[PDB]
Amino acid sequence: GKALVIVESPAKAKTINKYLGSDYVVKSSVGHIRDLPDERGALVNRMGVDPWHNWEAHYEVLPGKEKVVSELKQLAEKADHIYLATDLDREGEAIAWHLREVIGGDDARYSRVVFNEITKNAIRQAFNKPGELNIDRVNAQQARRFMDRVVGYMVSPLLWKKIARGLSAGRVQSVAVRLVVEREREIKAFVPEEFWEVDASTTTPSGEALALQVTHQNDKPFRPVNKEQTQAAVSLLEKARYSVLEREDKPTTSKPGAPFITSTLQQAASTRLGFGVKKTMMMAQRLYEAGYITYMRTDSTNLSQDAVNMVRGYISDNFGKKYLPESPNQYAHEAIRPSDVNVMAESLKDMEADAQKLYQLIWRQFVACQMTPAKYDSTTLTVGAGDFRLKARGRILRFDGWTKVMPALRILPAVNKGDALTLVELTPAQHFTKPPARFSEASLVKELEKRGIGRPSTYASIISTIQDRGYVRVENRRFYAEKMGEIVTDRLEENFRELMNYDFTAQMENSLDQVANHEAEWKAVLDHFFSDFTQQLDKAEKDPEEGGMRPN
């Protein structure tokens, strides 16, 4: 009679039931239901996957999930049609595939509903228009997991043998570790270069104070490398006559950022709220399942016509016509944004302080992204003093614009060209060049994004995995490569060069994308991967004198 609707969690179940009437019975699977646990039978047994017999797999129902299978199966008969309401990503697709496979029955009896938020409208549309299970996206998800399995299960033994028991290799994890290790070595090997800067304090005809930075001497960039060059220049600057050579006023603006995507949210929540990548995604997931924000795994900065018109309505009524663009901002599945702009952080019920803060961050970025630019009247003064050229840069806020939604918060004095300035004080400053900055949780996420290595569904698992596996650590909010991280990275780089290659790893993500869009076949892709991998693994297993992996 009714329509059976399956979601992956009870939290989602509860929310979505609010928007589905009596023709539907909503049920959670309490998790994922089913999943995995030159051949060597016991290896295939362990992996659940057989690389030598065409990727044939052995899925088993997770522990405690047998009652679940019964419960769903029995519900499945009393219903005329079944709606697989899993999250929209490839993993959600595969979870839906598992539910269908286990429940059984005629395919025709199934629909796969997609939605990027759990609201009255998004739900009514998802079910009005319920499509079919996309086998390609399931295939793309299994390919990824089959290759992750393979690397984890087949490379790890080599590390136990050569290096130490209990070590774990990760196909992409090793690559992330590899970024941290390279940095460690950069920092280690850096030799700072000494250089000085001289600033001069002056006074305007008006008596106003004006600070300057020496930029040139003899029409060439100014840069003493030691105290004596600095002192020589200080003696001359002391005697020179200062005059304004040029005043460059120019209107400048600052634009608001695009709305959040998985990567930029991790960075922002880390940098602004001191939240770690894992905490952010867990809180973001709860906000999403509770119906407060759009889906947290996305890389699209797209905003729907309705989303944009409701925020413009909000800006118009709460800030005013001058904060509202003439036309909506187009920045480019949807970005992460609140589901209803009229819902404030302070009003979330099932959420705690930190998840409210993250909502507030998402809400402000969303509102700010559709507001007008901030306007500043900027000035750049170029001064002349003998053989020297000095500069001063300032700006005055003209109009706050988008910054109005953000919490509340150099102004050069007016001078004219040809104006004389009286030197008040000269202040030399010793400086040293610095090595490359350590990665923070944000810089690392940004780096994985920039290199095409991470994905919205992986960013945080990569970040957390490499730490837990003892390869790198985070202290004073920065990443440090552990010795075992360096030990494993060198071994891996030497014997599994292609596996560790950055471009090859980015290409695997695209090869996966190719499968999801029917541009490649999963098993063919798994075969290509396994062929390159086993030859690598064949060599690495030899003795060091024949090029295999070096021990200890």
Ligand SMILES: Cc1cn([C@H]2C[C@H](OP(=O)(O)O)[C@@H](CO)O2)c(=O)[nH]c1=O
Contents of the next structure:
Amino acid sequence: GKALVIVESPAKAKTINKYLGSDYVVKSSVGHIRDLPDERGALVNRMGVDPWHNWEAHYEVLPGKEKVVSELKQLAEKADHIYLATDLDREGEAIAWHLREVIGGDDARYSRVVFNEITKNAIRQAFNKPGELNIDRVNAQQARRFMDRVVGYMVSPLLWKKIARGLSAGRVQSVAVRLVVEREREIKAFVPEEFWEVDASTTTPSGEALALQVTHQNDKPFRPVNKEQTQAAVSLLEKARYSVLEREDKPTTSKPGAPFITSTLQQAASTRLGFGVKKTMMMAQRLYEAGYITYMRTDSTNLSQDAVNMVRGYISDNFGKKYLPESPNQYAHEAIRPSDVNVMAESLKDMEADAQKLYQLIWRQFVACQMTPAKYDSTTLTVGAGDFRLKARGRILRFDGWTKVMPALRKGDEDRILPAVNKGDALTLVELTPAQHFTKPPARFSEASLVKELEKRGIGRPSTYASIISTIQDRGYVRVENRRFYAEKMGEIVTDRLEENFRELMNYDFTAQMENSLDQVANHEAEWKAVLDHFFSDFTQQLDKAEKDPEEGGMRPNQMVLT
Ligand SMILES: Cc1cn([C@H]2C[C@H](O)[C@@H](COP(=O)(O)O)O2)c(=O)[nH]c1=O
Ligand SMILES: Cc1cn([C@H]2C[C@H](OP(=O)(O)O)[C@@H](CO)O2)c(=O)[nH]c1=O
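Switch from the form solved without thymidine-3'-phosphate (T3P) to the form deposited with thymidine-3'-phosphate (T3P) bound and print that structure.
Shown next: the complete complex, the earlier chain at its head.
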């Protein structure tokens, strides 16, 4: 009679139900339903996957989920068709697969609808032409879960034996920790170096103040390394005659950033709002499931024609023609953007204050990215003083452009304003001011700028950045203090062990290559079991070698021997 539609959560069921007619009956599975718990039955059972019997698995219904299973089956018989409207990512394809497996029935009974936002039009087109479940994406998702399970359950026991009980190892988690350990060690080994700068405050012919910075001496960059050198330079500069060597006036511009993707969202939310990766991703999700923003797991800065056309109309009505570019800006699935540009952060219904703030950030970035650039009149004055050359920078805002959508400025607005001076003009020295500085050590990773580092290295993945970040934290390898990452001693002890006995597993390129391999499975360019066999072959040669006595090249035990 009617159609059954399955989503993964109550919040999502409610939202999507506003856009589905009486023919459809929405029901949230309210969870994952089914999942995982030279052989050794012992291991296979705990893992729920069997590397020695072509990877057959044993999925089991979750606790208290039996009522849900049975509640779906009967609803399935009273429906003519079944639509799996899980989220568009691989994990979402696997969950759909599990629902289809559990409920059973002809495959023709099922359809897999895809949408990256829950709006009337997005839902309409999603159920207009519903595609089929994609087994390749499912295999790509399970291949990941399998190798993750293998490393965790087969490396961890070795760590208990060799280092300490309760420790964990993670295919990617251990690589993420490595980045933190290397960073921790760069910092511990840094030797701050001394270097000086010299500023000069002068007077234009009119008498207006002009501040300068010494740049060259004898046509060579100026950078003394001690107090004596600066003084010698200072004595020459006190007697020198100053004059404007050259004035270069040129117009500059600044462009709006591209619309957000998972990683950039996390960084900006962390840098501007002080939100950790977990917080940002939990609010993003609720915004998404409430129908306010597009899917929050993406690495595409692409924007649909309608989205661009709706925002351009908003820019045009609320800001004006000079803020609208000739043609739309194209940045090279969709970015994270509001679903309706006319819905303001302040109009959100059941969203807490911070969730509204995240929406605001997303909204502003989206509107800004389709606006014209800001224009500035930049000025660069070069000054000569004996064998010295000095500099003064400054710019004037000519047209705010995209920055009009961002809060009003209030600080060093018009970063420095230079007075009226022409080439050949004479400046009067009023005061010299030398200053001592010291090179700083590399910044400590932040939850977000680590995702950034993970992204740059092709190690992360929109759907895993969050988990990775939190999954390496309560295991005693690294900790977040003052919003920063600190490597624990145990994080170093384990990292060296792994690098020594599991080189390939800890290598950055190989870890990145595995993501490619996973994309290949998803795109029918590689078969999942063969990819897992190869992975396992490489893994077990590493493992057996590590298992041996250290005098055979096995893993070093965490000990300190007697006299
Ligand atoms: C300049 C810079 C900032 N950040 C960050 C992380 C935080 O989001 C923010 C600083 O916040 P914090 O002072 O609370 O640590 O800027 C980096 O991660 N790397 C950098 O190089
Ligand atoms: C869930 C998931 C998605 N993705 C990527 C690949 C997916 O495209 P394909 O699965 O390549 O369509 C896309 C789903 O949003 O994001 C990953 O790389 N890893 C994951 O674990």
